[PDB]
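Okay, here's what each chain looks like letter by letter:
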Amino acid sequence: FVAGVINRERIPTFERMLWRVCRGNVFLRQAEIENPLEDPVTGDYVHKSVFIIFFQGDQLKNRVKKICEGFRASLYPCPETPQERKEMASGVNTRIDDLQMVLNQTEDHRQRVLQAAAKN
Amino acid sequence: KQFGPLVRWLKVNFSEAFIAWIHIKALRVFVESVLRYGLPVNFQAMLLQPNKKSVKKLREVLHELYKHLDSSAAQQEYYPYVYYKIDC
Amino acid sequence: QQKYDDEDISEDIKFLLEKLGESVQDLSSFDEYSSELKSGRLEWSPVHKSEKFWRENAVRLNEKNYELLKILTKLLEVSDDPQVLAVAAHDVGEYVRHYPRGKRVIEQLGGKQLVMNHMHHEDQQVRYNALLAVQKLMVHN
Amino acid sequence: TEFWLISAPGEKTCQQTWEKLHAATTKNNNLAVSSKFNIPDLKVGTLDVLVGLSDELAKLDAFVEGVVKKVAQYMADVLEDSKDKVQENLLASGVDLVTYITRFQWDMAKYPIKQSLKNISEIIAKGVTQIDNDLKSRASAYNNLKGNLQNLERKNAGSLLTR
Amino acid sequence: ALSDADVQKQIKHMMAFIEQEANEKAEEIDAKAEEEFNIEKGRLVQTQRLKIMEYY
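Read top to bottom, the protein sequences are chains A, B, C, D and E. All the letters of the first sequence, read from the start, carry residue numbers 170 to 289 under the deposited numbering. All the letters of the second sequence, read from the start, carry residue numbers 274 to 361 under the deposited numbering. All the letters of the third sequence, read from the start, carry residue numbers 391 to 497, 538 to 571 under the deposited numbering. All the letters of the fourth sequence, read from the start, carry residue numbers 2 to 164 under the deposited numbering. All the letters of the fifth sequence, read from the start, carry residue numbers 2 to 57 under the deposited numbering.
All the given hints hold, so there is nothing to weed out.
Subject to a maximum C-alpha distance of 27 Å in a straight line, what follows is the list of computed BS3-like cross-link-like pairs (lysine-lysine):
#  : chain 1 : residue 1 : chain 2 : residue 2
1  : D       : 70        : B       : 326
2  : D       : 60        : A       : 234
3  : D       : 119       : E       : 26
4  : B       : 340       : D       : 13
5  : E       : 10        : A       : 230
6  : D       : 137       : D       : 70
7  : D       : 37        : B       : 325
8  : D       : 71        : B       : 284
9  : C       : 409       : C       : 393
10 : E       : 26        : A       : 230
11 : B       : 326       : D       : 37
12 : D       : 71        : B       : 274
13 : D       : 111       : B       : 284
14 : E       : 13        : A       : 234
15 : B       : 358       : D       : 86
16 : E       : 10        : A       : 234
17 : C       : 439       : C       : 566
18 : E       : 13        : A       : 230
19 : B       : 358       : D       : 44
20 : D       : 21        : B       : 358
21 : B       : 274       : B       : 284
22 : B       : 329       : D       : 37
23 : B       : 340       : D       : 21
24 : D       : 137       : B       : 284
25 : B       : 274       : D       : 86
26 : B       : 329       : B       : 340
27 : D       : 111       : D       : 127
28 : D       : 44        : D       : 13
29 : A       : 217       : A       : 230
30 : C       : 439       : C       : 460
31 : B       : 358       : D       : 111
32 : D       : 84        : B       : 284
Selected chain B positions facing chain E (Cβ under 10 Å, derived; list incomplete):
#  : residue
33 : 310
34 : 342
35 : 346
Bear in mind the hints are in silico, worked out from the structure with no lab data behind them. Ideal placement from N, C-alpha and C gives every residue a C-beta, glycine not left out.
The shape of chain A in the complex, shown without the other chains:
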């Protein structure tokens, strides 16, 4: 399906469950990240991999959503082969940089205001 996000802890058993669903109908998109970013919920730089299957059947996709719910598999993509997906990725990078720089400015402003608030 996608080189999504998983903490790589139940990926083997995730493959086993998907092999108990279908007989491995489609090769699972495989990717791994070394020393990844902080997870939004866990709040730590946890290791991440991903092993997820693409499907053509509707019931199969429903089961994939079910097993993604049952497991710790974050999946919110727009998996489109053509170039518009990569243009979307570039725009996402631009927004990410904007978020980073505004967050830095806000943090510095907060620090200054807090120092003044202490001294008063």
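Go by the hints and put chains B, C, D and E onto chain A.
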């Protein structure tokens, strides 16, 4: 006089229900084989009346026979071979 | 909040407060704000801080072809008075917060880029107003 | 009595004799009774349709298990040709369950070979539903008549005060 | 479980099913073509004949 044909009623209706039951189970086996394999051929359904206490031996035999096929996925329903139970 | 025995004091305070409330309610009008921006006479005022003007009249901020919001963009590029620019940034932030769908129009207009520029303004208040405006513009981004 | 309905991949025709006659590695070295099966050759549609079909088949088989064992229990209550202890089973296809299981054949007459799988499942579901409902009505009527008979017996039971 | 070669074999199985679906859809469109032939042909013949007979 109700009991008279009541025997025929219940016996015939149980006959129909049982026939439907075994037919459904055969369809289930056909579907399971056709899914666990691709374009299928002579999957060889088989009937077993297991001897007493020899369930463990039969499970071992079938595991040795066909556990290479999956080796990771197929228990209560996940066997290395298509499996069903029948009461009688 | 304090209570006085002289009923006259309480009655006069009630009168003055009520009529001042009425006066500031009368001040609150999109026509006033639009005139301020059309002639460029920008300054902090109760209209610039009236919650009903930002919330109820958020549709009024959606001008014809968003020309008033384009005037905000023009002032983000043109106005050099720091207070006027802070006013523009705060008003843009209010408009985005009460109408997130206009933020895409702002990005098309390039006003968002102007607020990115105004983050590093030479006056701290303008920096703060631009910061809040962009922070509102970062919703769902 | 317990029977098992298994199946192998079937890559080779030697699998026919490996599962039945191959006493070296077959079931308990050819001690458990081994018998071939009749299974129709039926068309399949698409994969998600097959997933839905398998789920529906499992659910319907569970319901039919309930139905068949329930009619067996009601016949046991009737106490004729089946009892909760003796005559543990009735006759399917007019023969005892062992003979029908051992010689199970496909009833294409009722479920034609050229009907899709879903249509056959639907036909079976309708047939068993109507059969079960009608038999429940008949058994309820018979049990109500029995209860009325026993109530009349109780009214004619006691001593010279209440009998 | 399955090797990568077996994954390509299962892709080929998906292809057999896809071609089966294609055949089904093409034959269904052919059946619908026959049905519309019958219905529209009868309709047009009826309308033209009725016009001619009213003229008559």
